[PDB]
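Asker: The lines below spell out each chain.
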Amino acid sequence: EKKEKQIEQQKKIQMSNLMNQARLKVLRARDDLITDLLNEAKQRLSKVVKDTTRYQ
Amino acid sequence: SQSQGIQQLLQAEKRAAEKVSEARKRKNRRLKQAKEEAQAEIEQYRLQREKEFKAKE
Numbered sequence: 058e059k060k061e062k063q064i065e066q067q068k069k070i071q072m073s074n075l076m077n078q079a080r081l082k083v084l085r086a087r088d089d090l091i092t093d094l095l096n097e098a099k100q101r102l103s104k105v106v107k108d109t110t111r112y113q
Numbered sequence: 003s004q005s006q007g008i009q010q011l012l013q014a015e016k017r018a019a020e021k022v023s024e025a026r027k028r029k030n031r032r033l034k035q036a037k038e039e040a041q042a043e044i045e046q047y048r049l050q051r052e053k054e055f056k057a058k059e
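Chains as they are written, first to last, in the deposited numbering: chain J, 58 to 113; chain N, 3 to 59.
So that you can see chain N by itself, here it is in the shape it has in the complex:
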C-alpha cells in the first residue's frame, strides 16, 4: 500500500526540481547561442558588404 505514495512524493520532488533546473540551464545556453549566432551572421553580412565594396573599388 503506502510504498506507492512514498514513490509518488519522492518522484514528485525529483521531477519538479530537475525538469525546471534543466530548462533554466537550457535558457542560459540559448541566450549565449543567440549572441554567438547573431555575431556569426553579422560577420557574414560584413563579409558580403566588403565583397560588394571590392567589386565597386
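For reference, chain J alone in the conformation it holds in the complex:
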C-alpha cells in the first residue's frame, strides 16, 4: 500500500531528474549567449579604439 502511494512520487522523481538536466542546460545556454554578446562587445571596443576621432 505504501509502495503504491509512492507511484506519484516515483513519476515526480524521474521527471525531476530529466528537468534538472533541462533547466541547467537552458540556463547554461542563456549565459553562453550573453557571454558571446560581451565577447562581441569587447571586439567592437577593440574596433572603436582604431578610430582616432572617437578614441580621442
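Don't take every hint at face value.
BS3-like mimics (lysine-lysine), calculated; alpha carbons at most 27 Å apart, straight line [what the hints assert, rightly or not]:
#1 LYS60/J x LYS53/N
#2 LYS68/J x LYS82/J
#3 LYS58/N x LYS60/J
#4 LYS69/J x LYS29/N
#5 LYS68/J x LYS56/N
#6 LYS53/N x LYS68/J
#7 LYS68/J x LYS58/N
Because the hints were derived from the structure by calculation, they are not lab data.
Go by the hints and put chain N onto chain J.
Answerer: Okay, now just chain N, sitting in the frame of chain J:
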C-alpha cells in the same frame, strides 16, 4: 498360562513407550514444517505483491 500375562506386560511397556515417543517426534516435525510452509507461503505472497507492484511501476 502365565506366558500370556508376561507377553501382555512386555507389550504394555513397549506400546506405551513407543506410541508416545513417535507422537512426540511427530510434534517436533509438524512444528518445524509450520515454520517452513508459513515462510514458503509468505514468499509466494511477497512474489505476488512484487508482481502487482511491477504492473503499477
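Asker: All hints, please: hold or fail.
Answerer: Right, here's what the structure says about each hint:
1. About 12 Å separates the Cα atoms of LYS60/J and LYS53/N, which keeps this hinted pair within 27 Å; it holds.
2. Between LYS68/J and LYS82/J, the direct Cα distance comes to roughly 21 Å. Compliance with the 27 Å bound is thereby established for this hinted pair.
3. Our distance criterion of 27 Å between C-alpha atoms is met by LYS58/N and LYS60/J, whose separation comes to about 10 Å.
4. Note on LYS69/J and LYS29/N: the hinted pairing is violated, with a Cα-Cα distance of about 54 Å set against a maximum of 27 Å.
5. Under the criterion of a C-alpha separation no larger than 27 Å, the hint pairing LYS68/J with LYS56/N is consistent with the structure, at around 14 Å.
6. Pair hint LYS53/N plus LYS68/J holds up; C-alpha atoms about 19 Å apart against a cutoff of 27 Å.
7. Under the criterion of a C-alpha separation no larger than 27 Å, the hint pairing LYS68/J with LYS58/N is consistent with the structure, at around 11 Å.
Hint compliance for this structure: hint 4 is the single one not met.
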